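One chain comes next, on its own, written as structure tokens: the form deposited in one PDB entry.
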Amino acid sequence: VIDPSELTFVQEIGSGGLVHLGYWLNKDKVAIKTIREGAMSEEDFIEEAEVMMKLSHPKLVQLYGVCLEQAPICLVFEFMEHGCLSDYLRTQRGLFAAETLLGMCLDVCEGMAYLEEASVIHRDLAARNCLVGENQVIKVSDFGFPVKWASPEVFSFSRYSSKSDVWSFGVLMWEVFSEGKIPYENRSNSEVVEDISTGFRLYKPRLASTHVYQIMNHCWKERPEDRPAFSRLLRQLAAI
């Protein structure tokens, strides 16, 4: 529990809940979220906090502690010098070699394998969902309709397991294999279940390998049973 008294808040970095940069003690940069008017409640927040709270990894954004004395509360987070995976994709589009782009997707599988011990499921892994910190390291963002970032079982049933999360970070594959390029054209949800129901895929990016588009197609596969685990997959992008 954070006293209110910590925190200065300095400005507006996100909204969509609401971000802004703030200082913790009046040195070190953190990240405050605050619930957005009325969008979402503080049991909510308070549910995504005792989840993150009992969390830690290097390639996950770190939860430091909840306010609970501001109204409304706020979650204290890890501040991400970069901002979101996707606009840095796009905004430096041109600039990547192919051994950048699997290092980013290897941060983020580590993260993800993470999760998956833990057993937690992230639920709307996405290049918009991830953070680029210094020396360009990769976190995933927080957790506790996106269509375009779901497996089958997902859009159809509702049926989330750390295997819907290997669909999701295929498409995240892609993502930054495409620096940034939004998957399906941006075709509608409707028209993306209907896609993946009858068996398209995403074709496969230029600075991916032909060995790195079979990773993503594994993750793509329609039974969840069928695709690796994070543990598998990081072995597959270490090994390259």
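Numbering follows the first chain given and starts at 1. Here, rigid core means the biggest group of C-alpha atoms that superpose within 1.5 Å across both forms. What changes on going to the form deposited in another entry:
- A 2 Å or larger CA shift between the two forms, after fitting on the rigid core, occurs at just one of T210, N186, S41, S56, namely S41.
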Given for the second form:
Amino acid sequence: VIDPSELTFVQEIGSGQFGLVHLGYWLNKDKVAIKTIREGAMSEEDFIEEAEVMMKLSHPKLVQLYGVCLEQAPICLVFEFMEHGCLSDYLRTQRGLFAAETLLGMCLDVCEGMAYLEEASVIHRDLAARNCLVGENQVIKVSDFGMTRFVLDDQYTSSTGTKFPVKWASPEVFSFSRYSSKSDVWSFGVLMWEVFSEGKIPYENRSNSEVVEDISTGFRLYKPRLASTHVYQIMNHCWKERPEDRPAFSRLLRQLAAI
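Pass me the form deposited in another entry as well; I've looked at the form deposited in one PDB entry already.
Coming up is the bare chain, nothing alongside it.
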């Protein structure tokens, strides 16, 4: 638990799934990012349960949750400040400046984070570039793993909802809500596409229904220029119809490191 007096709210930096994000300071010295959880956004008591375990999850390629500020309404989550924001934004902003090796390095970072979560029996559920953050020396860290379990907006959570992230969803997820580390693997493949495409939106921004149809019939994203023949076959292995035909993150890590 972080005491409210230990935090200083400096400036609003944006809004996400659960509401406001501020740049702040922790004990008047260290830069932190503070999520202010908006009313009706979170399943609050259910999260305060899972907060202890989430905090205990620690890895250099996961954005660290430093603590929870509970002694106030609305409650706040205190995070490691990532100096370059979301990967999705970062890729688009820096488009044209990336060497293939740097882009591969980003995929490696994410894969290391996911390998840790997979090992720890944790499903992300919404792995995408928008949910990864960029820190010192372009290091990429995975964030908000498992958080969609606490989202009250049924448009996001339900596979049939209008806000459902179909573009990163494996066939068994969008059809049957069947999550696993292997469904995160599908998402990771799409994230690889995003990285090597320098932040392009997968599936020409096609409708949710059209993507479901595309994937159901066998369509797959085409190779981005900066992705090698080898990288593209790794992507395609992530997009096998059956989750059992997809590699584990532990395997992908060996493959991406071997390059």
